[PDB]
Every structure is written in C-alpha cells, then in structure tokens.
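Only one chain comes next, encoded as structure tokens, the form solved without ligand WB1.
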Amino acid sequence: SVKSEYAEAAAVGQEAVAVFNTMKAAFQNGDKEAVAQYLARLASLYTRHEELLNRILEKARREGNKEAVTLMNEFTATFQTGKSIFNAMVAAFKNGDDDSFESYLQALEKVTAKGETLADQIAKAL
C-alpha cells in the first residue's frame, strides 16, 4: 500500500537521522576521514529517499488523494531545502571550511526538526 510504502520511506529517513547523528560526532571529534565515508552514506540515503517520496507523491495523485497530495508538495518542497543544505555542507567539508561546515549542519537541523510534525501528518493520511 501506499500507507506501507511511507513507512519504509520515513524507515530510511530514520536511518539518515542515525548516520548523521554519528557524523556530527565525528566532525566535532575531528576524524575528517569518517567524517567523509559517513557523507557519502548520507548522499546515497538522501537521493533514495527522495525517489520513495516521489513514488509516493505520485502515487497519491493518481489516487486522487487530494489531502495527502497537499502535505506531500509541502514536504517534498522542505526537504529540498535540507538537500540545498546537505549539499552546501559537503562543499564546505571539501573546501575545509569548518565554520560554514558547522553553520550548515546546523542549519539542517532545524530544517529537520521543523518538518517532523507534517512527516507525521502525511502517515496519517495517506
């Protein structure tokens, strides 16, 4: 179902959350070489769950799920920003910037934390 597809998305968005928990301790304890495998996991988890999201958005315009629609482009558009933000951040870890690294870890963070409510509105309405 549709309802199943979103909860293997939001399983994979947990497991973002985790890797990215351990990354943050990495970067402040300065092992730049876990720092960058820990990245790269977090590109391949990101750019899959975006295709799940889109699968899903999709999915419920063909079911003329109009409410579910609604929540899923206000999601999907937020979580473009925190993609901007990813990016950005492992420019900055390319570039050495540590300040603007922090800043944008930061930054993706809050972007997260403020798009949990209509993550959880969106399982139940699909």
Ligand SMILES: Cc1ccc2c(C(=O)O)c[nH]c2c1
Second form
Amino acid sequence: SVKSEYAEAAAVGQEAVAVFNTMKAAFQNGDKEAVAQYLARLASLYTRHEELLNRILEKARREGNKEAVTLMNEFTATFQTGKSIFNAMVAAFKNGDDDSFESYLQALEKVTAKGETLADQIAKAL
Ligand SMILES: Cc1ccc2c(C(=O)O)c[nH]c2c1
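What's the form solved in complex with ligand WB1 like, now that we've got the form solved without ligand WB1?
After this comes the whole thing, all chains and molecules, with the earlier chain placed first.
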C-alpha cells in the first residue's frame, strides 16, 4: 500500500543520511576519491527518493486524502531545497572550493532536518 511505499521512501532517506555522514568524514579527512563516489551514490539515492515521494503524493491525490496531500506538498518543497543545496555542493566539489563545500554540508543537514519534522505527520495521514 502507500505505507509500504512510505516505508521504502523513509529507508532511502535513511540510507542517504548514512552515506552523507560517511562522506562528511571522508571530506574532513581529505579522501577526495571517496567523496566523489559518495556524491555519485547520493545523487542516485536522491533521484530514487524523489521518485518514491512523487508516487506517494500522486497516490494521495487520487485518494483525495487532503491532509496527506498538504503534508506531502510541504515536504516535497523542502526536499527540493535540499536537492538545490546538494547540487551546489556537488558543484563546489568539482570546482575545488572546499570552503563552500563545508558550508553546503552544514546547510544540507539543517534543510534535511526541517523536512523530517513532517515525516511523522505524513505517516499517520497516508
Ligand atoms: C543507489 C541506490 C538506488 C536505489 C536504492 C534503494 C531503493 O530503490 O529502495 C535502496 N537503496 C538504493 C540505493
């Protein structure tokens, strides 16, 4: 059901947290080859996460589940902010701008946390 889809979306989000934290450690340690691979894997994880979120939102709309639709619209808007920040982080890595990369790492953590505040209301709405 939409809940098994929620559970997979939540798990993909958690996988991205895990890989992000490994990548932050690799960035701090100066292991650029690792950072490159973790960024590629994060890109794939965020693409999958977005796919699942869109299926959940479309299913909620087709059900006419107004509260789930509202929460999912809010969550996905914050998710898109995070993706913009992620993209900027990737560009800072490409450009060799470690100062900006550090800053974006911090911003992405805060934007991710902002969206997660909605997750527990989403689960009970769907
Ligand atoms: C790179 C990648 C892509 C998709 C998934 C996934 C999923 O589709 O549920 C779980 N971990 C992943 C990791």
